[PDB]
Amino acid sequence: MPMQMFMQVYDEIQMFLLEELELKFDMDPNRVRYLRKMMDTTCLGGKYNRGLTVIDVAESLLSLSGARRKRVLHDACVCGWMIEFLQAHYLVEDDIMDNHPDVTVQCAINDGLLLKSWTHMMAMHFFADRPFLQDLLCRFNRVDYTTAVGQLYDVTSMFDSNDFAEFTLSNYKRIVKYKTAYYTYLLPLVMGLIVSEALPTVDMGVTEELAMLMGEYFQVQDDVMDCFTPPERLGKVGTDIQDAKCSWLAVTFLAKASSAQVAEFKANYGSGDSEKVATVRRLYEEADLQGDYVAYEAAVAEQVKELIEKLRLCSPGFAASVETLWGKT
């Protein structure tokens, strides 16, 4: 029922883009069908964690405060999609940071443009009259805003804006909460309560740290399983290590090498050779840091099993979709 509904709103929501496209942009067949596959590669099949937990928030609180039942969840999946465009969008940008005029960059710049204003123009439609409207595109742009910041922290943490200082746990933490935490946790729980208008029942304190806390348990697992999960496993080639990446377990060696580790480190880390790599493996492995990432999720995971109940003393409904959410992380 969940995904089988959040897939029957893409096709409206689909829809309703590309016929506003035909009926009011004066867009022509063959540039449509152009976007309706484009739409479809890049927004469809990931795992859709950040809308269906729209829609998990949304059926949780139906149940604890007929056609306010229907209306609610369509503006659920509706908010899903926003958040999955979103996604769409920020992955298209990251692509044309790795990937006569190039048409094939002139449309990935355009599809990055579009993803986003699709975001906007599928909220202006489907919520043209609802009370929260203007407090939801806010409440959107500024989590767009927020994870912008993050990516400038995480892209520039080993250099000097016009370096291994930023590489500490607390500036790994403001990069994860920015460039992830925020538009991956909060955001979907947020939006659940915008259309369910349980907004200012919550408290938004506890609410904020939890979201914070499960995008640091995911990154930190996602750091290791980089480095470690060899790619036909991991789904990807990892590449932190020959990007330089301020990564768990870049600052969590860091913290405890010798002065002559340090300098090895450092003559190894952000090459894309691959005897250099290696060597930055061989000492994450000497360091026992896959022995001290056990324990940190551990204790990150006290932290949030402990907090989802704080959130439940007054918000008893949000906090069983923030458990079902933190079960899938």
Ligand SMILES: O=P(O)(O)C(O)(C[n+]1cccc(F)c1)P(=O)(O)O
Contents of the next structure:
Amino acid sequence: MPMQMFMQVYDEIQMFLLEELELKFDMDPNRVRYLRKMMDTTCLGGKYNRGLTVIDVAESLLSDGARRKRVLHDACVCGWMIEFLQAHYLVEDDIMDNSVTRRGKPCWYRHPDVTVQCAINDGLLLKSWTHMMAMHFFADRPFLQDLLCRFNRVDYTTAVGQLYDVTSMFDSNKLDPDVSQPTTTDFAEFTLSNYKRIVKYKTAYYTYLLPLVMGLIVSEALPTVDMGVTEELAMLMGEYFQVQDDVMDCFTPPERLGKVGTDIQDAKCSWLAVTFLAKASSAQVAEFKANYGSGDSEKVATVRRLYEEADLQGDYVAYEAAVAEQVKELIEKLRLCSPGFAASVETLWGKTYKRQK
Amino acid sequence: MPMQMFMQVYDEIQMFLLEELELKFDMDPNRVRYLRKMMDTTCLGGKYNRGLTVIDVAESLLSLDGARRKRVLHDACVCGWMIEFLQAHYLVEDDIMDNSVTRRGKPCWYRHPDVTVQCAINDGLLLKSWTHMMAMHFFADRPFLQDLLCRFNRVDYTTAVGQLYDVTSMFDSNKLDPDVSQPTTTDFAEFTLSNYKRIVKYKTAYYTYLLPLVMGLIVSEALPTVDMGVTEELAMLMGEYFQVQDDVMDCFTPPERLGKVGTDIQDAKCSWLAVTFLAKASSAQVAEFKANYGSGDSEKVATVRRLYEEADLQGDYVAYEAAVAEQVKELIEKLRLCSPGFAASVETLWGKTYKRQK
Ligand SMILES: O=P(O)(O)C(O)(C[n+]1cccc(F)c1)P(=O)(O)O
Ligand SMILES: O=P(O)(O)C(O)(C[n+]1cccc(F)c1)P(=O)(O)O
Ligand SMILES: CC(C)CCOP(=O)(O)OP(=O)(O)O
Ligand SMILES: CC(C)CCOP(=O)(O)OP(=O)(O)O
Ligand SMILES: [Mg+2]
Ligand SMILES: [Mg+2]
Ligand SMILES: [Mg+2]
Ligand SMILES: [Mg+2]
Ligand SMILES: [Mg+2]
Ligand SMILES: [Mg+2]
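Mind giving me the form solved in complex with the named molecule, seeing as the form deposited without the named molecule was just shown?
So here's everything in the complex, that chain up top.
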């Protein structure tokens, strides 16, 4: 039922925004139709993990009848805030990554009647909607300020991780806006240390810490959990989640994934890249430097081939195990003083551990 | 003084942001050097009208204590950059959307040598985040904080809305449908003055004229002291005028002065010139228009320039400028009545606008 009560609030939100545009920004039906379409296409079709997580946390920590109602509603609004937030970032990211499809559909900036210049702004509109909806729905909620403050923080950190991502293939020593530079040749920066930094900031926060946090804020139970642990967890699961993202972008068929991979082509500092490099021989690495970051598909097949022949699947399974170990412990360590939360966190994990997509 | 105090705060702001990243965002010195450069390039070199307007207003009110003055003036500086940083965010993104080549004497951000088009997009995002980061850090204990952010974001929102009206102004809006592809309008039935006035109102008037005046009133804590109604008419009127000026320069002002190269004609933009010409152009002229508008072809572009001359647009301009200079004068006097200090600051801003050179 949460999925349907969530979609229910979506209509509620879409109605407000769209009608507000027609009534106070004197927008035309044509463009109202466009934004409705834009909204549904960029915000729907995902796994809704972030949004559904918020609702779960809220529900779980429920401890009147009108309250439960209000709370669950507030959760739905927050969920869409995060959902609208990822929407804003996927739009821009696909433009930044030159991706082809998203959620079994052409990337927004790829749709025929959508131009790149407009997609960039359509993305901007998404980010404003996160505020417009929070303000309108939480105008009276005392937790409004704190909520937005945290939201912008996470948003800001994600934009920082993105910077790390989109520049990992450039020797930072030479990184000078005034002087042009080619993709790194030595890859001397493709380290797990550097990899851990990208992932932590570009994904962990908004994908894991934020949904959890927003649930505690709307349930007004924030001060009841061991944040220090809760974050450790979020940082951990987030890293994992992103490592999966990387692996699928290389080995999970789009028909299944919903998106065509671009890392190898984009010369990204992925999990596969840093792991391979750290364990590969000079011969293997020379070949890598000869086929990585190339659109040419037979070269991508070379890279893909190289990874398989270095047993990355072994490293992966090993990593995934070490993670499951710590996650298990931290959740218990958390369950002690926060049974309900620990439970929702454990749930969020179920949606994570060995996901297919 | 104004500029020196403004620049003073800038370095202070650049110091907080860049250091927070270093210490709390696990950032390296290389990427900190970059962001500092990105900040100085995207936020500096402009005319600083929006920013300095906050300060001017703030001061004009100072006298409605030596410590207050020091705080009100500082808060005005912070809000001043919030707008400059927001202006910077939209300029980076717009230069991409408009495929422009130069900005403030240098190449557009996304056209800098070590700045890739996709990174520039994100750098733009960083620009907008900073506005929030600086406000939250300097105004944490200010009671006006919420109201302040609320107003800022709505204006941020409206601008993005104006951007939508501008970026799709050359497309048959009835065909607007993500699924189906479509070409540039060929009949131009939408290049109307009403449509032009809407684009400008939202994409510019608010963040270039209303916001600066409001932020100043807020940090002055004089917001309720002025006729908001009149204040809005002024902003909307001055805002539209400022944009019309922007469009005219886009086509006739030399890049050398303007600081940027024009792209409206080649971008098939619904500019003030296009709508005015179309409104007074004879069939013969309109047809030659449709055949030379919307192409990078240097020769075609030179034709549109000539066509505008032929229609005596400068004549249309002088008139518009006059009618606007008219009402602006009146409205300021309505203000002066209940708000002399604010009306004065408004006049200053109008001084920075009227017959601007760039
Ligand atoms: O699966 P993708 O490619 O959409 C990705 O995970 C999206 N994404 C992830 C994190 C932050 C972001 F702004 C965007 P990537 O980082 O581009 O690989
Ligand atoms: O001189 P330009 O071309 O940079 C412009 O005035 C910028 N600009 C103006 C208003 C809003 C905006 F986001 C961006 P234009 O509208 O693209 O002509
Ligand atoms: C953060 C990240 C890996 C981006 C993709 O996130 P996701 O796979 O959860 O996104 P959706 O399920 O919303 O499309
Ligand atoms: C017309 C417009 C809002 C964009 C250019 O604004 P502006 O000329 O005030 O910008 P700068 O002086 O900041 O470069
Ligand atoms: Mg990415
Ligand atoms: Mg991507
Ligand atoms: Mg990916
Ligand atoms: Mg432009
Ligand atoms: Mg534009
Ligand atoms: Mg212009």
